[PDB]
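Chain by chain, the residues:
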Amino acid sequence: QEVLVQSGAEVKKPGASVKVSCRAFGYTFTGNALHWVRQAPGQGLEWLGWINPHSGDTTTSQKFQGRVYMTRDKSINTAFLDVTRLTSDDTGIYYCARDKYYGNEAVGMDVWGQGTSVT
Amino acid sequence: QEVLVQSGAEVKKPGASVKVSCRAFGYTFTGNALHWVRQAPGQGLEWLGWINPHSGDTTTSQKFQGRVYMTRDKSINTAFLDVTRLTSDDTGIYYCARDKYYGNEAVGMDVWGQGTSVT
Amino acid sequence: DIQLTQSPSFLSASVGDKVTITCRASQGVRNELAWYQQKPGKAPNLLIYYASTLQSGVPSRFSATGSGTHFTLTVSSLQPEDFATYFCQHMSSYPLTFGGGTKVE
Amino acid sequence: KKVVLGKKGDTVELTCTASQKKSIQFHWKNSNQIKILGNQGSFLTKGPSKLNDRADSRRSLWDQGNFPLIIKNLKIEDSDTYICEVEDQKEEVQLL
Amino acid sequence: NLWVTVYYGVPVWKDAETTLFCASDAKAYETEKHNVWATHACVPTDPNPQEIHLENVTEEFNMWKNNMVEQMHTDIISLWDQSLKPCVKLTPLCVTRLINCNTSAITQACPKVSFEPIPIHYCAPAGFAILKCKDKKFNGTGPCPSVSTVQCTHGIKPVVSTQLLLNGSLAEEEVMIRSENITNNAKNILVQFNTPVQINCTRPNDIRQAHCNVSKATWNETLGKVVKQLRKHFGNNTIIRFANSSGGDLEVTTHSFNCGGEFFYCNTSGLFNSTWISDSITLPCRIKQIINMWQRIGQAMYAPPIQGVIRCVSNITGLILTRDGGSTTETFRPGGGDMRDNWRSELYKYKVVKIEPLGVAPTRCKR
Amino acid sequence: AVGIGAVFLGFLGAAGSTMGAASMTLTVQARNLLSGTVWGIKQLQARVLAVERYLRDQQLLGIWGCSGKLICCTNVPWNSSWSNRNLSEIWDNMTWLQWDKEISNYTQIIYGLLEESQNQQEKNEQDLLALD
Amino acid sequence: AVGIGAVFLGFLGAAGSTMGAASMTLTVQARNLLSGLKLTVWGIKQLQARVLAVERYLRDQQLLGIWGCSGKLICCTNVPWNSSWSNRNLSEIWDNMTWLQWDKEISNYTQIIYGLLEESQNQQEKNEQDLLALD
Amino acid sequence: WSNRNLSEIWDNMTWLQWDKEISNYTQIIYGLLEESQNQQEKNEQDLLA
Ligand SMILES: *[C@@H]1O[C@H](CO)[C@@H](O[C@@H]2O[C@H](CO)[C@@H](O[C@@H]3O[C@H](CO[C@H]4O[C@H](CO)[C@@H](O)[C@H](O)[C@@H]4O)[C@@H](O)[C@H](O[C@H]4O[C@H](CO)[C@@H](O)[C@H](O)[C@@H]4O)[C@@H]3O)[C@H](O)[C@H]2NC(C)=O)[C@H](O)[C@H]1NC(C)=O
Ligand SMILES: *[C@@H]1O[C@H](CO)[C@@H](O[C@@H]2O[C@H](CO)[C@@H](O)[C@H](O)[C@H]2NC(C)=O)[C@H](O)[C@H]1NC(C)=O
Ligand SMILES: *[C@@H]1O[C@H](CO)[C@@H](O)[C@H](O)[C@H]1NC(C)=O
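Taken in order, these protein sequences are the chains called G, I, H, M, A, D, E and F.
Mind the numbering: the first sequence is residues 1 to 52, 52A, 53 to 82, 82A to 82C, 83 to 100, 100A to 100E, 101 to 110 in the authors' numbering, read in order.
Mind the numbering: the second sequence is residues 1 to 52, 52A, 53 to 82, 82A to 82C, 83 to 100, 100A to 100E, 101 to 110 in the authors' numbering, read in order.
Residue 1 is where the third sequence starts when you use the authors' numbering, and the numbers rise one by one after that.
Residue 1 is where the fourth sequence starts when you use the authors' numbering, and the numbers rise one by one after that.
Mind the numbering: the fifth sequence is residues 33 to 128, 192 to 300, 325 to 397, 412 to 460, 464 to 503 in the authors' numbering, read in order.
Mind the numbering: the sixth sequence is residues 512 to 547, 569 to 664 in the authors' numbering, read in order.
Mind the numbering: the seventh sequence is residues 512 to 547, 566 to 664 in the authors' numbering, read in order.
Residue 614 is where the eighth sequence starts when you use the authors' numbering, and the numbers rise one by one after that.
If we strip away everything but chain G, and leave its shape as in the complex, we get:
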């Protein structure tokens, strides 16, 4: 029942910004922290950022600070990931993941989206 639904594929020319959406079904959106995980083709998983959907607080890794922005919309239970100034490195599969979030801290990523392919 708990599921995260992502948008379709996207191909974008380098230099601009990309927006991808992730909507939550089956769980209450305003209580659970949300992570962004990207995967290069042939490589492992690299972490991008994590967002509280209630207060709007975000935290991005220092390798992607000032270039990756995370926003949310409570009336549709959606989250938007903006990643700006793409090179050929950032081509891959994007994932939104629900954090388990026990005791007001990060625990684990239980339910993930189907993923989007950005090129």
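Note that these hints are calculated values from the structure, not bench results.
Errors might be hidden in some of the hints.
[As the list claims (entries may be wrong)] Each computed DSS-like pair below joins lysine-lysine, with the alpha-carbon atoms no more than 30 Å apart:
#1 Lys22(M) - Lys1(M)
#2 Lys12(G) - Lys39(H)
#3 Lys72(M) - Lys90(M)
#4 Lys1(M) - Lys282(A)
#5 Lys7(M) - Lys75(M)
#6 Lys282(A) - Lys227(A)
#7 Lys46(A) - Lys485(A)
#8 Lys655(F) - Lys655(E)
#9 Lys601(E) - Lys502(A)
#10 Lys502(A) - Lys655(D)
#11 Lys7(M) - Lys29(M)
#12 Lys231(A) - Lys344(A)
#13 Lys96(G) - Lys485(A)
#14 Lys21(M) - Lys117(A)
#15 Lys97(A) - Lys229(A)
#16 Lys421(A) - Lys207(A)
#17 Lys29(M) - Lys351(A)
#18 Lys50(M) - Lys282(A)
#19 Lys117(A) - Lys22(M)
#20 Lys502(A) - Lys655(F)
#21 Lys97(A) - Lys282(A)
#22 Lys121(A) - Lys207(A)
#23 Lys655(D) - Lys601(D)
#24 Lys347(A) - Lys229(A)
#25 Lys231(A) - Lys73(G)
#26 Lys282(A) - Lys21(M)
#27 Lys567(E) - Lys574(D)
#28 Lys121(A) - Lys65(A)
Following the hints, put chains I, H, M, A, D, E and F with the ligands in place on chain G, whose structure we already have.
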């Protein structure tokens, strides 16, 4: 206008139990404590005990513990007296009486019922 | 950062085998670890949180021990649905990172 | 245990009485697990028995708390123990 | 050593049976007799629906002893008896083993109007909540694994039907059968589909004749998945038979429903025919002028319908059946006629609870 | 571990949660108890009855006089004959629903002891202390 | 003498008592100001009774809200007692005066008490706690 | 939320202009003072007692 009305006279076998009622008119029943006193014919009064009609607590003399029981009914403003294990000593007139009850203590027995003859 | 290494890089085993995967941390992380399974083309599924507790819905054949910088993921019997990629992650301090990736075949 | 005798070729009324006065759910069944007839609230339904076109109930008299069974042209083979189901109460009656 | 503290606003609910209101949308300009009923019925809807999923908690659902079935019954009798004005009603009065009953007659004006049903909600007042069971394969009675609280109900169309279910809500995963007690031979079983069966059922341009076409292959695979879903309760080796009806009135031996303000009665003899072991079907609908009233006991006579063409399509979403237990094969015959059994297939998963938000708890305070 | 702050579960969001984690979400469920011709006065009846339902509980929490609501402490001794289970079992391992189920039949004596023990013993002692 | 405990004189029961129980049973009379076609006029009468009762409780509670006590049904304020209001010993007031005759004596002077306690002391306790919180 | 000092706000400005200047940030003030301080002060006196 304030009276106590009792049940009719009864005759009973030794070893049985007798129940006598006392209904209060003309005063608030849950406001004054009720005494029970008996009188065998030929001499003065003898005392059993007295009861709070509101809290439900009873007080019985040490000559009649476990033999004389006192109950009450707030819905019909009545007090019931049960005398068990009868002998020929308890033959006489039984009285319920309204305590004056000034200053959270016993003061005087003002209004008395007409009496119930138990043989 | 805190770099997390996995051993062995590629593992080969048969059906019904008990094997162990070792996760090594460059710094102290206490009991803060998560083990995941990723199939090719799918999304990762959670297996172990808090380095010892089994996720509901995962079969009880999995186990996970370890503390400090040393962690073991142990399976007792192997099945054809089990052969996928296995990841271990830390969340103790910024930034987070995943493991290198172990292939079982 | 009510036992009633019907003559051959006549009309017999047969009775189960409920406790209250309301249009409620009742059922009428024979002994060998075959339904005779019941209600479905504001209507009547009949069972798969041989007595399907032969049994009648009075819709006016249901509101009183009694639910009748009218059998015309009584035979030999229908002598049986009939059960009336009124809110998990077993009211059984023998018909000869 | 330990003292007590009071807590206000605790998550504690008990079971209650208080009244609620429809709170459904009303257009307030048109005279279809549902909308002008809806304006004097209740407030229009809140456009942003509240849905709060809960954590791990179990609750005992029971859809054979619900309270909102009675609220549905009272509200929709109050709608039908104020919208459909009949030409003449004959009702038993039965003034009090000898009972004399006089068939009282009520006469009034009877115009003809459209009766397309509308979706309505059911929204509780302040201090109450509606729990919804979210198990995709729900038995009907017992514990629920993950409940969710809702502001109020999805849109229900108050349709009246016998022998069939119209305009309903499909199941989540598969066709589900629901019963109060298997092997009781007196309780209706409710069957909820997973795919809609589209049936067209219209009066062509005698005026009391109508043809009612349903597809064959979709209904065949529908009955195949129904029999595959009901074979788990009967040993998976028994022969299963479908028969048309057994006696009864006109509203129970035939598919009795409403279409365009006309009281359609359609025979279903050629629809429950096959026996199962281990292009288009037409039904002869005859528009009748006599009916047996379902709100009480009594009969009703109406006007002849409007001349012209009357068309209505519908989606069969469920069935009301019962068992013919014998002494072996199993026969299922379709039943119905109680609208409480008709509206329990749309309120099978809903519960009303009352908050008691004041508790006590021991800890180590002082004044 | 890393944190980002507190969250919002919504109304009835922590009914399945533990005893200690549902002692800080009382404010969300405080507000919903008030909220806010024939078939035109049923709505007024429902609103007035909800107002009376809130105001009775407000009077009950004002008579055991705290009025600094959502928690207040009293010095009524918790008798060990009720809830003989340990503090750590009932405060960290068990939901609120079973707690209300287990103290369902013994609540009225607790209410009647709070109302009478702590309103003429805490009061009329401040008046004696205020003689100087 | 011997005793068993308190009794229950009920609603408005100590209306003839001389303070004492009437100054102790404040909780029995304050708990029922809330009480815990034919229907288009009668229901309007019943609702107008109930809503007016809710007004009757709430507007009396707001005056106690202004006079900052919050420990309801008994609270102390620091207004001095003028001898022009009543010249009586407290042993004359609290042993030999029922509440009804005391209100009958005071009721010509009550609005001045209400205006003085609203205007003076709540404007002299507030805007002084802000001065106390300077450092 | 507002860059004005403590002197101009209490003697040179009306309440209506302050309600205009605060209406962009009323909900954050309400949420902060509703959540944080009554989640920190309460259960702190339980630790004190
Ligand atoms: C229903 O769903 C709820 C979630 O909504 C579940 O509640 C959670 O249950 C898990 C256990 O599976 C809890 O996880 C534990 O959290 C502890 C948090 O530490 C704080 O709390 C403890 C309480 O004593 C304090 O002592 C401490 O100082 C902190 O303030 C962790 O510390 C725990 O991990 C440690 O203990 C275990 C015990 O064996 C060790 O093995 C670990 O290695 C580690 O040392 C533990 O992980 C979680 O907190 C619960 N949530 C909430 C909000 O409380 C329910 O379990 C679930 N089921 C039921 C039936 O209700
Ligand atoms: C908890 O309270 C109960 C009463 O509420 C106490 O029960 C007492 O039990 C004895 C046993 O005979 C009686 O004689 C007393 O009269 C009871 N008390 C009262 C007030 O009626 C019980 O003792 C208390 N628990 C503890 C541990 O003291
Ligand atoms: C007391 O009341 C009298 C009434 O005239 C008034 O003159 C006097 O000033 C008052 N004194 C005080 C201290 O309030």
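These are the hints, each one checked on the structure:
1. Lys22(M) - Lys1(M): Within the cut-off at roughly 25 Å; holds.
2. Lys12(G) - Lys39(H): 27 Å, holds
3. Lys72(M) - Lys90(M): 25 Å, holds
4. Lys1(M) - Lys282(A): Holds, because 26 Å separates the two Cα atoms, which is no more than 30 Å.
5. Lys7(M) - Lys75(M): Answer holds: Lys7(M) to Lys75(M) is near 8 Å, not above 30 Å.
6. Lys282(A) - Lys227(A): Status holds; Cα separation ~25 Å.
7. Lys46(A) - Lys485(A): 17 Å, holds
8. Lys655(F) - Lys655(E): Holds, at about 24 Å.
9. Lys601(E) - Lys502(A): Measuring from Cα to Cα gives roughly 20 Å; hence the hint holds.
10. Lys502(A) - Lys655(D): Holds. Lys502(A) to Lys655(D) sits at ~16 Å (cutoff 30 Å).
11. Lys7(M) - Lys29(M): 21 Å, holds
12. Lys231(A) - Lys344(A): With Cα atoms ~17 Å apart, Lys231(A) and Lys344(A) stay inside 30 Å; holds.
13. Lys96(G) - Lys485(A): 28 Å, holds
14. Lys21(M) - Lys117(A): Roughly 28 Å between the alpha carbons, so the hint for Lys21(M) and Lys117(A) holds.
15. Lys97(A) - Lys229(A): 19 Å, holds
16. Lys421(A) - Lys207(A): Holds: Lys421(A) and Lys207(A) sit about 15 Å apart, inside 30 Å.
17. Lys29(M) - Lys351(A): 27 Å, holds
18. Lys50(M) - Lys282(A): 21 Å, holds
19. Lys117(A) - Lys22(M): Given pair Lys117(A), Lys22(M) holds - Cα atoms ~26 Å apart, limit 30 Å.
20. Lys502(A) - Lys655(F): 14 Å, holds
21. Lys97(A) - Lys282(A): 14 Å, holds
22. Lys121(A) - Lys207(A): 16 Å, holds
23. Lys655(D) - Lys601(D): Holds, at roughly 19 Å.
24. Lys347(A) - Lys229(A): 23 Å, holds
25. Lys231(A) - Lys73(G): Measuring from Cα to Cα gives roughly 27 Å; hence the hint holds.
26. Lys282(A) - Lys21(M): 22 Å, holds
27. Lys567(E) - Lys574(D): Judged against 30 Å, a Cα distance of about 15 Å means the pair holds.
28. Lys121(A) - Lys65(A): The given pair, whose Cα atoms are some 20 Å apart, holds under the 30 Å limit.
Violated hints: none; the structure is consistent with every hint.
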